[PDB]
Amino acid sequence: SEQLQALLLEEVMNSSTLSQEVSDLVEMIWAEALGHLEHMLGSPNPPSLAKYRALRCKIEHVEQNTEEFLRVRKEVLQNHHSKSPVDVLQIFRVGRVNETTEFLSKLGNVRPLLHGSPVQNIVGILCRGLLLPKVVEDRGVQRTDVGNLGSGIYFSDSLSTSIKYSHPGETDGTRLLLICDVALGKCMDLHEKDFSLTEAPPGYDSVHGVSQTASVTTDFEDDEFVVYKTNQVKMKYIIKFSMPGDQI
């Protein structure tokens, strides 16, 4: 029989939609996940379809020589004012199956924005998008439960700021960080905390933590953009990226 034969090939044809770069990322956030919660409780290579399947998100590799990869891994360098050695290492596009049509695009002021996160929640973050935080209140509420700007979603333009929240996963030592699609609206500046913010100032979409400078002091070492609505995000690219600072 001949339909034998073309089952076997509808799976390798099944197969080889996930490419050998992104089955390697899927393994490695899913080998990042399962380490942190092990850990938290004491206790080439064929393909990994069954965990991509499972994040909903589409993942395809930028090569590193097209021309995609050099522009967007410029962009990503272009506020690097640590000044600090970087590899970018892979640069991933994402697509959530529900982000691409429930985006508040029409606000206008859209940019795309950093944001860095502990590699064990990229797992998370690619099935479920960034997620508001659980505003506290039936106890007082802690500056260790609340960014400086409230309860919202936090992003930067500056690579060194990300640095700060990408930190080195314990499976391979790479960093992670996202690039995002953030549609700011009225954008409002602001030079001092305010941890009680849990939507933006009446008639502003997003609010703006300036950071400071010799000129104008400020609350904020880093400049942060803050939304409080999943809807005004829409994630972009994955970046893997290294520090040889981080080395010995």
Given for the second form:
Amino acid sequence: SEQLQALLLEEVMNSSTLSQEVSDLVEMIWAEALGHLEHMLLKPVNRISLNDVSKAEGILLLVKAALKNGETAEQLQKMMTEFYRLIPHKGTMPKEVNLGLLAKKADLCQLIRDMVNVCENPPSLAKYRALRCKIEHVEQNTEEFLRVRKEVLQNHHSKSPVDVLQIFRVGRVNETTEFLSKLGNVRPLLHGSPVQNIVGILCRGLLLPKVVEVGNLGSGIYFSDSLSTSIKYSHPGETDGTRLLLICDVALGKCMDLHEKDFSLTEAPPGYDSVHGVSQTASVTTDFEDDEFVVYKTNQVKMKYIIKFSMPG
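So that was the form deposited in one PDB entry. Now I'd like the form deposited in another entry, please.
Coming up is the bare chain, nothing alongside it.
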């Protein structure tokens, strides 16, 4: 019948037995992300609507505007208690509402939006599609795995053993086409990050830090040629106990070598496309302990791989 042939097509169209490795990765990063929310949310995430988040974000803008104008804390707290009604927290309710809090509350709202959107087609594929990002497992047999393994395990100043469990080929669609390859000097660098950030990184790529009216080369996207340095930023997840790390092609064209720190950099110096923090050496002292590479454009970045690894300790 019409209906049978519909079901038979439905079976075909709705089928993708994508690998365990990729599935387990998706399940983890989402679980780890949800683990962050559950840590500081009285109300379950399922019982928060998208309206609550939109209104919550709307209040932060009013509170931020009011804070800069120097309104009394009476008004600020009155507005903020309305925010906390929509987005309940456990622990403290900061009396001193600084600008730094509002930025983190704004981040939190986005992490809530992720978890709400995804809830909806098995529960594994719903989470994969939600990333809008094409992860593909690379087999240990292939010569691509040995290649990438060595690429990661080259600049290792520290001699701490590294258990490279899984490697995944990753790509975002719009990230590739908008990449500034024409601007030369593209080299593959590493970006460490805690596991709870990964869903957000895969969803929206690496974003520019928000200049609050912390990094020692200003508000840009940092990378390193060394693995030992990227391990420091790639913290172990509470879910699995493993570390995740990105390999990105960073188009950084003209790269100015710096010795002194500079926290006020919103974009690259005039004349250069990027910055290199030169590390402390034998007879060349610097303020940088490790080699930092910083770009201040999202379209100077293009992530290639995700590396799942773990330290002994």
